[PDB]
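Based on these hints, arrange chains B, C, D and E with the ligands on the given structure of chain A.
Residues per chain are reported as follows:
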Amino acid sequence: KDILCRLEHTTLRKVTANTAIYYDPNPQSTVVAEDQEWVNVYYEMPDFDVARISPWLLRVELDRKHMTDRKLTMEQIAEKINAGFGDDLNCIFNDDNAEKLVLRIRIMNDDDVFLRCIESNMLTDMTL
Amino acid sequence: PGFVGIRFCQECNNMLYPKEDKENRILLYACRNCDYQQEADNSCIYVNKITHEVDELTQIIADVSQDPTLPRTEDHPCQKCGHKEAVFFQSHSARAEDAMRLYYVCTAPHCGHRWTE
Amino acid sequence: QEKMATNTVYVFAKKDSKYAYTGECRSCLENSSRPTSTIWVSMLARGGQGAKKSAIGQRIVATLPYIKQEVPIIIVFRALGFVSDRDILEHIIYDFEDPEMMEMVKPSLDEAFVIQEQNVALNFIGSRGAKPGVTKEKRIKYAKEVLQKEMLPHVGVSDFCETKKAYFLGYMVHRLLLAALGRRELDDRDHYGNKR
Amino acid sequence: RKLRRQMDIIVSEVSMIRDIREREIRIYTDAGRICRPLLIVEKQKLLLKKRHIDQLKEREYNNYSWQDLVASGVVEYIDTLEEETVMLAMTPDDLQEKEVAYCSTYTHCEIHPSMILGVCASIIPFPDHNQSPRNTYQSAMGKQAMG
Amino acid sequence: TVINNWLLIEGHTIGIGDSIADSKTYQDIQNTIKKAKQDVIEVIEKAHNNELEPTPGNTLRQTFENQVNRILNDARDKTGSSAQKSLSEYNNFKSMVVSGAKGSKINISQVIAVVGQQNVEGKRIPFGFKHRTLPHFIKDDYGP
Ligand SMILES: [Zn+2]
Ligand SMILES: [Zn+2]
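Chains as they are written, first to last, in the working numbering: chain A, 2 to 129; chain B, 70 to 186; chain C, 7 to 202; chain D, 712 to 858; chain E, 1377 to 1520.
Simulated from the structure, these hints should not be mistaken for laboratory data. One or more hints might be untrue.
Pairs of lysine to any residue, SDA-like flavour, derived with a Cα cap of 25 Å [unchecked claim]:
| no. | chain 1 | residue 1 | chain 2 | residue 2 |
| --- | --- | --- | --- | --- |
| 1 | B | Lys118 | B | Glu166 |
| 2 | E | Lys1506 | C | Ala11 |
| 3 | E | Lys1413 | D | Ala812 |
| 4 | A | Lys2 | A | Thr128 |
| 5 | C | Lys201 | E | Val1496 |
| 6 | A | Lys81 | B | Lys118 |
| 7 | B | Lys88 | A | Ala34 |
| 8 | A | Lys66 | E | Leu1428 |
| 9 | A | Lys101 | A | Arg117 |
| 10 | E | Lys1481 | D | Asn841 |
| 11 | E | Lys1422 | B | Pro140 |
| 12 | B | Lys118 | C | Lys59 |
| 13 | B | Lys118 | A | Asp112 |
| 14 | B | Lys153 | E | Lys1478 |
| 15 | E | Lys1478 | D | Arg845 |
| 16 | D | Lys756 | B | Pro137 |
| 17 | B | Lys153 | E | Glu1418 |
| 18 | B | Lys88 | C | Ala11 |
| 19 | E | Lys1506 | E | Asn1445 |
| 20 | B | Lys91 | A | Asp126 |
If you only want the chain A side, here are some residues facing chain C, beta carbon under 8 Å, derived [as the list claims (entries may be wrong)]:
| no. | residue |
| --- | --- |
| 21 | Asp111 |
| 22 | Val114 |
| 23 | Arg117 |
| 24 | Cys118 |
| 25 | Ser121 |
| 26 | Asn122 |
| 27 | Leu124 |
| 28 | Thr125 |
Short, incomplete list of chain B residues facing chain E, as computed with Cβ under 8 Å [said to hold, decoys possible]:
| no. | residue |
| --- | --- |
| 29 | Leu139 |
| 30 | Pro140 |
| 31 | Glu166 |
| 32 | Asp167 |
| 33 | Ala168 |
| 34 | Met169 |
| 35 | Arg170 |
| 36 | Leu171 |
| 37 | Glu186 |
Even for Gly, the Cβ is constructed at its ideal location relative to N, Cα and C.
If we strip away everything but chain A, and leave its shape as in the complex, we get:
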């Protein structure tokens, strides 16, 4: 099964449950009812300004079933996204506290639909 997962072409689309984009200009007061933001709250990763200044974000929720079957973790997906997108993107994942597997993606510093374009370009050919 491990070799089977290491051979099959697994995109982000086959693993994601649903996705959406939001406008959350204050990560401290995230509008999407999560306190895992403690990371950003105490993160010294560039706060905003030229960084998380992008208020719009990509909130994508994974399912537990395909993450279990493909033998994947949140950190591996985040690392693949970071490697494929450089430092233009910021990814914050979710620990194994609930079944809701959350990836929040922000633009690091065309305007707003570019996030949707890279959402399509990330569902298509990430090659996890």
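Below, chains B, C, D and E with the ligands without anything else, positioned relative to chain A:
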């Protein structure tokens, strides 16, 4: 979460488009034909359900109880009106028909209740 | 001799072409010397991006008779004298309480927000025809002639048949959307209710 | 349908189809549709009563034809679109008597199953006991027999 | 030459007496058909109530389709075997099959016991009408 609907203008009745406020850091719906602005209701401007967990009972209509070619049962009474007879059928849809789920529609007149077994 | 049933909307799947689901209606008015003229209402597939850094959604595009280019649906609806996006959406999607279908039609609606006038819409209709136009003049009339006597003769060929043709084109687009959703199954070319 | 079972306004060939799952009702009056007559089952009961047979045996005397039975609202022509929305009984001796019920919601009844065959497949004795390729080959040969 | 000229003395035929089994064999065939039909019906009632679980590798509809085809193929094979145990060594179908001159055991099974499942494109008869194969059947009828 939930779906996002198309916002509409009030003057020229075209589609409103999302944009940011550089001053107050809020989302505003703005037209492109005219110059009209509206305060947003939610942060979710785009959504995409990919796992496709849809409530099939919404797509079910009550009038399908009048179909003679649907099979009936007196084994499952209606929860609302207590009528003992109800028709049952499959999903009848794509992005579906991988699981054989029965959907019941009570055939009693002027109740039209549907449910899932 | 068998033939496909005329004046009936069908939704097929050209799985090899660039279109996900293609609708058609071999429209032929009874007791009309002219033959049938099939209109296609196709949806560009490109399930992901439209080979662009901006083209997100799938765009619905119509193949009209005597017009060689893939005309957008919204262009035709504007060319029928329906300028508002709200009115076109009324004619296409009959419920405003199912946001999923509106979201699916959103990219096609957002392709042609540049063209807002009936004049410009008809000018774009006349552009790239089987008989190309000379100037702004004699090309508006050719596009009007195509929209009057070429597509959908079964809903009527008259000056007051603009709104009936708009209703039937909205029905075609709505059935294509239902096929793209799967709420209605695709149509069979060998079902003998589809043949004459 | 009540007008078609009486031939008041709508011709017998015209077909109504009520799409029930999706709210549509389409009436076809085209020239080229292919239909076939079927009995009409009101109640699990047939509308072809004994009096119809009594008036039908005595043809050339009562001038009671097939068209009179069509006008009586007993048989009607069902085309292929309308077959998608009809519950068709195969034979009345089996599918109107109470049993462990199959549907008990029949609308039409087939006149006789042997009328599904063509002209050359109708001259085959016991064609259901054969194999289908053999029936096809006999249909080919039967238009070739000397006579 | 010599085998034909002996066949003149012996004689070989085939008839309707070679296609009829005794009533005990017919009872066995009908009992097997009834048991398999009831098994298919109870598999269907398991599938409706979501009590059928999907086989790893395919959808639930096909776990169902695999189950139904497996049951019907088992019925066909069992009925064929129970039919071909009752030739009484003079049946001319067995005379031609055992020699291998013309026919096989499948032809004997189809003539005597049961024709079996009919297939189009390797699967069962598709729903040409709206969710039914013929207008005589109720909609969404996955029975035999
Ligand atoms: Zn406006
Ligand atoms: Zn009820």
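Hint-by-hint comparison with the structure:
| no. | hint | in the structure |
| --- | --- | --- |
| 1 | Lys118(B) / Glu166(B) | holds (18 Å) |
| 2 | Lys1506(E) / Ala11(C) | holds (18 Å) |
| 3 | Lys1413(E) / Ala812(D) | holds (16 Å) |
| 4 | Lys2(A) / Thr128(A) | holds (18 Å) |
| 5 | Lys201(C) / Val1496(E) | holds (22 Å) |
| 6 | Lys81(A) / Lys118(B) | holds (23 Å) |
| 7 | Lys88(B) / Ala34(A) | holds (23 Å) |
| 8 | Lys66(A) / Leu1428(E) | holds (19 Å) |
| 9 | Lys101(A) / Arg117(A) | holds (22 Å) |
| 10 | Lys1481(E) / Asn841(D) | holds (18 Å) |
| 11 | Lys1422(E) / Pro140(B) | holds (17 Å) |
| 12 | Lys118(B) / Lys59(C) | holds (22 Å) |
| 13 | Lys118(B) / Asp112(A) | holds (23 Å) |
| 14 | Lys153(B) / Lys1478(E) | violated (58 Å) |
| 15 | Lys1478(E) / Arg845(D) | holds (17 Å) |
| 16 | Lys756(D) / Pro137(B) | holds (15 Å) |
| 17 | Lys153(B) / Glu1418(E) | holds (23 Å) |
| 18 | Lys88(B) / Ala11(C) | violated (48 Å) |
| 19 | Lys1506(E) / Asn1445(E) | holds (22 Å) |
| 20 | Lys91(B) / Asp126(A) | violated (33 Å) |
| 21 | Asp111 | holds (7 Å) |
| 22 | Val114 | holds (6 Å) |
| 23 | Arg117 | holds (5 Å) |
| 24 | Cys118 | holds (6 Å) |
| 25 | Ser121 | holds (5 Å) |
| 26 | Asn122 | holds (6 Å) |
| 27 | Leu124 | holds (7 Å) |
| 28 | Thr125 | holds (4 Å) |
| 29 | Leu139 | holds (6 Å) |
| 30 | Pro140 | holds (4 Å) |
| 31 | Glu166 | holds (7 Å) |
| 32 | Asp167 | holds (4 Å) |
| 33 | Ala168 | holds (5 Å) |
| 34 | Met169 | holds (5 Å) |
| 35 | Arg170 | holds (7 Å) |
| 36 | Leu171 | holds (5 Å) |
| 37 | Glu186 | holds (7 Å) |
Hint compliance for this structure: hints 14, 18, 20 are not met, and every other hint is.
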